[PDB]
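The complex appears here minus one protein chain, its other protein chains still in place.
In order of appearance the chains are A and B, and numbering begins at 1 in each one.
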């Protein structure tokens, strides 16, 4: 008759890592790292993204004629611009403070376009003749639809004095522009005044623009240039224009009607016809994992991003092919014990089999489950990367922003990886200790009533029925009832 | 007669956390996290803060007339500005490079105001008539006291040529300004020259300002604007002004007399009449704790800021209501053992009581104390947040600065929390191991002379007096003297 202490083994191949050993096979693991994505741009929680397919943000906001998909645009979840989209400023020039505007856009989900200075209301000043072949609409020359290019009416340009005063209670995005022509010939040909200005004044704005007349290498067919400016107008303020030439004038403005906090993603992808709660520039994520490795930029309810390739937690114990039990004086595990992690095996005149010591198994699974939840949550708060854009003379800042974004990504990846390494090692030792404590509980019930074999087994000197066995498993073993019989069986 | 191994228990309710178990009760803990603050603005190490109550920094430095608390200002420890203080630039306009000046101010504890270009010395140029109702002093119109608004004297404005050359050996903060009027009417009404300039030139400064004359939505009663500029003048340099109108001229300048490295705090609080060595925008800290959770911005000798809500270290052991002793084969602790952490209990014909195994207790308290000091100090060097201000077109930078400040705050909070979790678990196992080692020391002195009971106790076969007991506690137990008697008592 003999009773044995041992542990669970199965046909698992799941491997884990520790500081001291790589590729150790465990009966049970738990992967915590999402590695796949649908590779599609999807609606975010129903709400469809504004995919400015070939248009740029500038070509959307000024109303490039090739951008007639976006003249009136529904509330979007996130915006998707290409890398080098074709339909940018079609008439050459620059957009002032472009990046700080894109930044404003990251925190806006709805514009309502409204007419503020109607095209007609220019009675002097021909306002239907500012038109260029650089900006063709269906074959014939055109211009940025939300702005009007004023030129001389009957060889005269009376100094303009106009004013708009914000209502709606919303904030209003207004845009305007100045023309830098190619030479004094065109200066007088178009506005006739040899030297002109534009004065824009709100409560917080005081500018005086003046056209830089110069010959320039022509791009897109044009040697002139168009400088554009923007501003946010408070719910009850006046914008107050004045100018005697070269004035590009606002016709339409944007109401900022809902500030719902989104992003501008750079992706070459097209819309994908899906919903998801988590989007990345290269695909969407459907996952309960606490971590992913898909892409640093996300939007939605998302896993924490880390740079690992595998992130697997041990939960079970070292699976047979620090303390003294597992793969120790107990050489291997019991394929035959399925109902628990640690337990007993008995042999006697009647029976032979396995009984898992539950409630020791159960204490183990509570500790492991707590461990895992504590890992999933202790990193609840990791660095979330955001997209920030910089122009060609902000290279220092852009580099600093890069080094910063990346330093945090590296730090959190180290943290996650090393936490999982250290806790895999502690978890395997925890199983080792639970098995050793069970063996040291069985030994000390039997003392001289059985021979301690050395391999986790106790050979009984007296004979031990299934009820005597179960008394040992119970922890209620009457040593004196077998004192006598065992004593005798000693020689 | 029986001797028992066991450990200390008390009536503590202090709880701690580990990775695997939450809310475990220990005989002794040590909280390391400050959670309270006096909620007052106090003198920092005696030195009283400059609380610009309703004034803004700009309204202090240019000398708004409503800011006549700060015309001559004593050395301050730290400065306290409100959020939207009423007494800013009372005559509308803007302050050039405002934030970079506030940044300079963060590293300055004393200004000495000195007159450099006295009001009188304008002999042409009426210098007592630049005055506005926008800036009222006690009912009647006034102006920024440290600067003088020059207007035409007898329908003439001779081009100004003035020069100041720094002495004192200190650095000097000089301020000036230009007026942008509302129309050409007021341009000639005040300076009479239809078109004017200001040229400011030091060794490192070469500027040409020109008034932007334009009609603007009037705020504070004024449709004109006042642009202000500043500069630091080296101890032996010349500032060298020239202008034919619209010149706001420096009368008083600041000597930077002591650069003692402080901050500008944003708080709505009023002075509190206290001293302290650590100040936050929402209250002061009196604490020996290594960490606090009061506020990220501090000044002084301060605890490290973390975002935790509780941060408690285990020092004692699991308190009764991995190795095999505590809450193991030894079911509970001894309320009756007060003089140590681990020890013995004996029963015999004479006595019954507890004796703490000191020097095992003492090795434990040295290890725990070292552990704690190493925790307190290994985080000696955490990220210290500073206040940085940005205007409405630096939103990208401000956001980057936010994400950065916060990423470090999150990383150090994770570090502290997880360090305390891991070391609480190791500390409890350390107590478990000390108890098991004591039991394995007592067993191996007695071998067959006593029956190993299973519950931390040894039932003696031979009889054992208080001196035999103390020989076992000592570690000097003569097995052969009782060989015989015990052998016999075996059956």
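Methods note: contacts are C-beta pairs under 8 Å (C-beta built on N, C-alpha and C of every residue); 3 or more make two chains touch, one makes a residue touch a chain.
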item	value
Contact with the hidden chain (one of A:417, A:459 or A:465)	A:417
Touching the absent chain when the full complex is considered, from A:399, A:474 or A:481	A:399
Touch with the omitted chain, as defined above, among B:31, B:54, B:75 or B:97	B:97
Which residue of A:125, A:145, A:225 or A:292 touches the chain not shown here	A:225
Chain A, residues in touch with the chain not shown (by the definition above)	19-22, 92, 94, 180, 212, 214-217, 219, 225, 227, 307, 322-324, 328-329, 393-397, 399-400, 403-404, 407, 410-411, 413-414, 417-418, 421-422, 451-452, 454
Residues of chain B in contact with the chain not shown	97, 99-100, 103-104, 161, 199, 201-203, 206-208, 237-238, 240, 242, 367-368, 370-371, 374-375, 378-379, 381-384, 386, 388-390, 397, 400-401, 404, 408, 411-412, 415, 419, 422-423, 426, 430, 433, 436-437, 440-441, 444-445, 447
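Convention: only the chains that are shown with their structure count from here on.
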item	value
For chain A paired with chain B, centre-to-centre distance based on mean C-alpha positions, whole Å	31
